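Chemist: So the chains spell out like this:
Protein chains: 2
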Amino acid sequence: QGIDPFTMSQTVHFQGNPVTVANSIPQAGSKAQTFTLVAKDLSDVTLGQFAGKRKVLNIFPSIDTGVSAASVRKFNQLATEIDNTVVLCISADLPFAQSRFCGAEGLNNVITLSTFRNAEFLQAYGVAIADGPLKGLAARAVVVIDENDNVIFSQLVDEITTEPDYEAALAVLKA
Amino acid sequence: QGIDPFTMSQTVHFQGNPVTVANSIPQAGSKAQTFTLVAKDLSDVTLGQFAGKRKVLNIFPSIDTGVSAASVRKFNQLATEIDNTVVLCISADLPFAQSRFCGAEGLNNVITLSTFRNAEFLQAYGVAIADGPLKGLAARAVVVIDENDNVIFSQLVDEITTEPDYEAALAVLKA
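Just so you know, the protein sequences line up as chains A and A', in that order. A prime marks a further copy of an entry chain.
-6 is the number of the first residue of the first sequence in PDB author numbering; add one for each residue after it.
-6 is the number of the first residue of the second sequence in PDB author numbering; add one for each residue after it.
Incorrect hints may have been included.
No distinction is drawn between identical chains; accordingly, a pair holds when it is met within one copy or between any pair of copies.
Taking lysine to any residue and the SDA-like style, the derived pairs with C-alpha atoms no more than 20 Å apart in a straight line are [as the list claims (entries may be wrong)]: (1) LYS128 to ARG110; (2) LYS67 to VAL80; (3) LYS33 to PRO126; (4) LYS67 to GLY9; (5) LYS128 to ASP37; (6) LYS128 to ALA112; (7) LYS128 to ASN111; (8) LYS33 to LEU127; (9) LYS67 to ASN77; (10) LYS128 to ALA32; (11) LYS128 to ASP34.
The hints are simulated quantities; they were obtained by calculation from the structure and are not laboratory data.
The following block holds chain A by itself, in its conformation from the complex:
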């Protein structure tokens, strides 16, 4: 019927060259997997700590790189025009690097979370770059979860140097 074709791994591109991304990004209409990530104060943050709220996961390789830096600036602004939603900027950057960027840029709407102590999130959310120079970093992706911990939108950006589809991510939140 409306099933998905079998995948063993995902393939994105870095300046046109193929990159293997582990497993599969969560699909719309499926249960969001539990996660623990590290906040600005070095405390542990779970998915369950955002119950009753909608969640935008803006996953990227490094906040210290241009395209990822633009996505964080965009999502910070888009957070003002969305109802009952938390915007989480997720990467393998240490909490200190993430806070330094947000601090210097005055971006206070988004919530920065590090996978530095939680490499498993990259595996479970299907964003772990498996090969090439960017191995161990997160692929560029967007995962939108509803109030009920159900995935409502998912995007694994085909080319890593391209910004994510903001409008498509925000469209599922509008009722």
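The hints should help you fit chain A' onto chain A, whose structure is shown.
Modeler: What follows is chain A' alone, placed relative to chain A:
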């Protein structure tokens, strides 16, 4: 005879509060363990790539923190006055964060290496912070290796907010 007392873990301090650091830092007169770390160009760097040269390992929690930032600035200057030696600045910061600091500061003598894809180095070199908010980051430490891959100096800084003993590290290199 001249043996060391049995340890199961090490204890450093963060603003006076005890912090458990895994295993044991390599001791002087012992073989240096192999390692693979990630350079500025995202390439893999081994210990064997510095054969015939003496090695200063300046291990710290984050280049995006003050005390660690000072140690990198100090070691960059001290590298000019030392014979046949490579100075390696090692941390869990991503290569992008390490290069951004070195670039902005104009520090070109030191060699930055990331443990981000190689969590095992922190275990083998006895610098892995096991508990508290800083878990997963490296403890502040100095490991000096000779040309023959033998450890000649070792220091696990007792208090994490204190700078390492530069003079003692550089003293073993002088013949």
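Chemist: If a hint holds in the structure, say so; if it does not, say that too.
Modeler: Taking the hints in turn, this is what the structure says about them:
no. : hint             : result
1   : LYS128 to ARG110 : both (16 Å within a copy, 8 Å between copies)
2   : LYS67 to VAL80   : within (11 Å within a copy, 39 Å between copies)
3   : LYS33 to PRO126  : between (27 Å within a copy, 11 Å between copies)
4   : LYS67 to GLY9    : neither (25 Å within a copy, 41 Å between copies)
5   : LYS128 to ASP37  : between (24 Å within a copy, 11 Å between copies)
6   : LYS128 to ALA112 : both (12 Å within a copy, 14 Å between copies)
7   : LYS128 to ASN111 : both (15 Å within a copy, 11 Å between copies)
8   : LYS33 to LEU127  : between (24 Å within a copy, 12 Å between copies)
9   : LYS67 to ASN77   : within (18 Å within a copy, 49 Å between copies)
10  : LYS128 to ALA32  : between (23 Å within a copy, 13 Å between copies)
11  : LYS128 to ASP34  : between (27 Å within a copy, 13 Å between copies)
Taken one by one, the earlier hints fail for this structure only at number 4.
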